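Form deposited without this ligand, single chain, as structure tokens, below.
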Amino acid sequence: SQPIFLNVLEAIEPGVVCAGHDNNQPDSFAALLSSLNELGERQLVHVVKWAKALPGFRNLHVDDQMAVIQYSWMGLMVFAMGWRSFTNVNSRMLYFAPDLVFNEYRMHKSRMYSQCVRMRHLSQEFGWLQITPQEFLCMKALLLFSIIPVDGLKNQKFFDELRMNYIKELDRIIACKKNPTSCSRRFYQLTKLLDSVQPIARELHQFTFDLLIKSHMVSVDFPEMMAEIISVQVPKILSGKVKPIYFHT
């Protein structure tokens, strides 16, 4: 039986996105963070177009569609950037975009060196675990469905069924074989990898929120869409109204 789910994921996977960073200016806090915010804005456009093409996604209430996107973009973009870093520079640097690659100096200058280190460990996991492109696509799709309000969504029922289905699809393409233990071990590793994305996203969420607050004082520009989500949705996560869905406790 010819697969379909994976055909779709591979087909809709977003292409290359540039930050628009001018690599001629010195590496300053203001210049680096302003370019990261622009990349986030451009990437948010692809995240939306991508999500809309995902199987079952349009069957969610429009407001729930907005919500999962507003809540999970950080995790999605970090996971993807870790994959690019792993495949383009063997996780040696953070490959945010072709025109915005962070080396050690930029990690320090960004004032988020610790968070960059944690992102680099994430990227390296793709190597340590030997994550296949298929496993990567399925895990990334599941991240879209990994954060919701504690009060639930407008149509929680359908969301829970869609989430379930994306889990079964992940289970189906895990790299294993005559050895049920290997498959069991593999699923454990992948669920653990997905969970580890959340604490990273949370640090970045805290950082960007604080940055937005003092943006005028540190000369960091926030595009319209990022400004809006960072000032309305991100606080709901930081205040505990919206929480990640973990596999493990």
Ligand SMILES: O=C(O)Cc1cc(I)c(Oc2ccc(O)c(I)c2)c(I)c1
Contents of the next structure:
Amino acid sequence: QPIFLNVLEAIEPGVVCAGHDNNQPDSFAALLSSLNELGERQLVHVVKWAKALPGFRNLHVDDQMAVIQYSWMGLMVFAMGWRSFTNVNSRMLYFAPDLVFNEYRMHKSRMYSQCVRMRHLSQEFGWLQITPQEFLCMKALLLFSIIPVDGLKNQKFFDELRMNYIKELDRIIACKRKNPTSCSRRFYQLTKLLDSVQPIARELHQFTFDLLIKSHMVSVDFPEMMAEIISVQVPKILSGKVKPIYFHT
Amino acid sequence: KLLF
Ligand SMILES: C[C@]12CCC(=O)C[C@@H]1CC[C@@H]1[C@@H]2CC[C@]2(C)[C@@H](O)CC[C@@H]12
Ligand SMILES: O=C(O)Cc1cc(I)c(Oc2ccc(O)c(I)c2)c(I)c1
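The structure above corresponds to the form deposited without this ligand; please give the structure of the form deposited with this ligand bound next.
Below: every chain and molecule of the assembly, starting with the one above.
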């Protein structure tokens, strides 16, 4: 019974515009300010999405706020790469309908290398032929893939919720294969695909953090929440107090 | 909170 996939397909966030005025010359300040808006806006959907995930509400209230604040980067990035694959075919980074990056914008944003890694991540969806169901499960798993070293208020329930989503992932895979090797290798690819999101997210955390500090020097504006999160939560990740949960080592 |  696909009750679970039912829920994931139903609660999946629709399209979100960054409000970018594609009339303005692609400058550093304009591009990043629009991505910050996109992030702020897209953050709102992430919150509604999560609170709609099976079992998410049961987690403690504080932990609910923490897991979102720690894993939002990786979530938005993962989804972004999906939009780029299914759309612009991965040639470019489909951030929002009104904010699609090309080679030029990648350079002007002062984060060309990171964009390359994201484009590659985007390409992986093709190489691995990730079906839409696999995408959803993996994305859900990402919310539960980064936590504080000290632990959550109720780690007990977190470990169990995480464990379940993983089962769901396996369940998804083993619904077309028959071989003992087939389902096994597929799981290996995905768990790796998932791990690879972490290093990318970590570069953007660093990047946005530095950008925030010298935000007034470069005329880049950070919305209310985006500024608050990058200065309180992100620093815990960069300082190692919050760390991703990797499948492999 | 504010957005939760
Ligand atoms: C999460 C966003 C916005 C949502 C998305 O589609 C992925 C993309 C990845 C780069 C982020 C951007 C939000 C604003 C950030 C954090 C900039 O400050 C630097 C890196 C940007
Ligand atoms: O069997 C299926 O496909 C559906 C399914 C999916 C999940 I995720 C699941 O896990 C929990 C765990 C704790 C909790 O409070 C809640 I609400 C759900 C269970 I149980 C069943």
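Residue numbers count along the first chain shown, from 1. Shifts are known only where both forms have a C-alpha. C-alpha atoms forming the largest set that superposes within 1.5 Å between two forms make up the rigid core.
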Core-superposed, runs of 3+ residues with CA shift of 2 Å or more between these two forms span 175 to 177
